[PDB]
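A single chain, nothing else alongside it, follows as structure tokens in the form deposited in one PDB entry.
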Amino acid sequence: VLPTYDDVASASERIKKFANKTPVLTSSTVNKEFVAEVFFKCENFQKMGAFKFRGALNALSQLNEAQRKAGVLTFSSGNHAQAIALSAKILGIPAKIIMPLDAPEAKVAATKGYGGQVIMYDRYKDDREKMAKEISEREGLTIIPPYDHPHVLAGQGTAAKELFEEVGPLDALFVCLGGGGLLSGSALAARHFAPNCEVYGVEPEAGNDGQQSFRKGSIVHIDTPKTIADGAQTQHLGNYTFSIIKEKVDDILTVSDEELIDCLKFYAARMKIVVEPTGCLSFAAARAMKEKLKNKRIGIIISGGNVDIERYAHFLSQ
């Protein structure tokens, strides 16, 4: 049932033709403050702006003939929707995207630019799931989970795979945590390339269901948390993702929005890169324990840079 590093390896092969082997950035400013060597895997530079492109492409690249012709459908309010839309376009698969009537104009335009057929719903009614079921069952459309899927998580893991192949062994790896696709895929990669590398997942303190699950040994559900980390407002971990996280992740950490904001500002002012709030979870945690990272080689996964410009300007002004 559970994917292994071999699936991450095969995913690298499947996506090689379309995915970006994103650059790894370093900062003399960061290295100084940490008294270590930090390596940033920039998935904000990934096709469509987030790491999710990897898992979306890996999953769509394996649908059967009937599904390819019928098409796919998404209703997620996060990066998965655009990851699926772009992946579908690249693979010649029709894609319908359910979005709120008040969705950011730039996001709607981007989705249409990805060939996605936009279907809107009223945000106040929040009829998303109902609509997704009705449309998908009637039209034979396939819905790919944003994280709880073997193909999706294996694909997300290729970012870490690339990081290790480029910089070599790492003593610590920090990864953003929502549903757990990125973390589980990254853990598979880390355990293979660096058995002794400490792997950490990071959640917003207001939504530490992943942390609670890790402690309890069972998946814990919570009400949608209020936090600026819009991509980590997950209510619970996935079955596949948690099964791997529980076995291959060393610990789950949490950071405050205040910390996410300082990190977002730092990325902009010191490293000159645009990172969405949720994509700051990993570095914020690392900074929070820079004292325990002495002279180690540390990997930071920058998950994405898809933040509404107005919102970005807002946080930068905080």
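Residue numbers count along the first chain shown, from 1. We call the rigid core whatever largest set of C-alpha positions still superposes within 1.5 Å between the two forms. First, how it differs from the form deposited in another entry.
Among the candidates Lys248, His236, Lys107, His192, displacement between these two forms reaches 2 angstroms at the C-alpha for one position only, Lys107 (superposition on the rigid core). For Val118, a C-alpha deviation of 2 angstroms or more is recorded between these two forms after rigid-core alignment. Once both forms are overlaid on the rigid core, the distance between the two CA positions of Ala172 between these two forms is under 2 angstroms.
Once the rigid core is overlaid between these two forms, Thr227 does not reach a Cα shift of 2 Å, moving by less than that.
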Given for the second form:
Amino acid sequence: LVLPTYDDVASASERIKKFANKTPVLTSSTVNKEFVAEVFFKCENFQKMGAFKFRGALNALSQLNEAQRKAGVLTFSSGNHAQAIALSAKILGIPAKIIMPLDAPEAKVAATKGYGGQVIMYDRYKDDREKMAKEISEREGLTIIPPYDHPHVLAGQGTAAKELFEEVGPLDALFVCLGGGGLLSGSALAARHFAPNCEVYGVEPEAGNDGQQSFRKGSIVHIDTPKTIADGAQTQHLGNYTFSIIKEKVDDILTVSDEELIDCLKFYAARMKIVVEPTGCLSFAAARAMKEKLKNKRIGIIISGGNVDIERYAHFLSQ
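Since we've got the form deposited in one PDB entry here, give me the form deposited in another entry too.
What follows is just the one chain, with no partners and no other molecules.
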């Protein structure tokens, strides 16, 4: 397995520079005073299509040759990669078919269809979406662009962390949300380059801690689809490419409860005035849980996305 390196992340910055947002970095006096540290939040919830996924989607599709682009692409996603792929595809004039979980946030399904993506659904807790993807693409001659286990995809995701380090310099610790591992693996590549001594932390919801288990065990652990509000991290196992990198460049994998996620979501709205989806609350929820360790340090927090159904979001804020 030929693994991507930091070079690919740097090259990805160039391919997306034309359409991606150089998301702002926010800081909070309450957080810094509370943590007795300097905390920097990379806001991918302000990225095109509301999440960091646009980076990986565009970097991947941009490397498709003329025949591939015209032939069309296929992907499976919990919603954000689906939107990112649809948007990127429309921009490049590429036909796109997307396989989405039936219980995906309606806002994610709607944006995907609006961007021009043909949606097909699956049962997140019982269906084998990859098997569906493979067969469909094999039968229709479509190029599969995985939501995370692909060199171009993960290298692209790493551009967010790249921008964070270039804007604020080396950090003592970096917290990243963890689903399949594309964001974490890409971020780890950036971290090792800009700050080789940065502690890189992956964060998964407690019910879906396969990644953590894999990291401890040394091999990929498979679990049944986890029940959690972090709808963007219900993966059953890590990707092969992503795990190979996570295994060597990640320092630890933490978990937080849905309860902790909700408190974090309320914190973001109330104190930082931003809308963050549950999955985007993993990194900060974990950081809060270990504030004692972050005293007098510089911490980076990746805010992966803000795509939620408003009705659902209002409900969370009400807890």
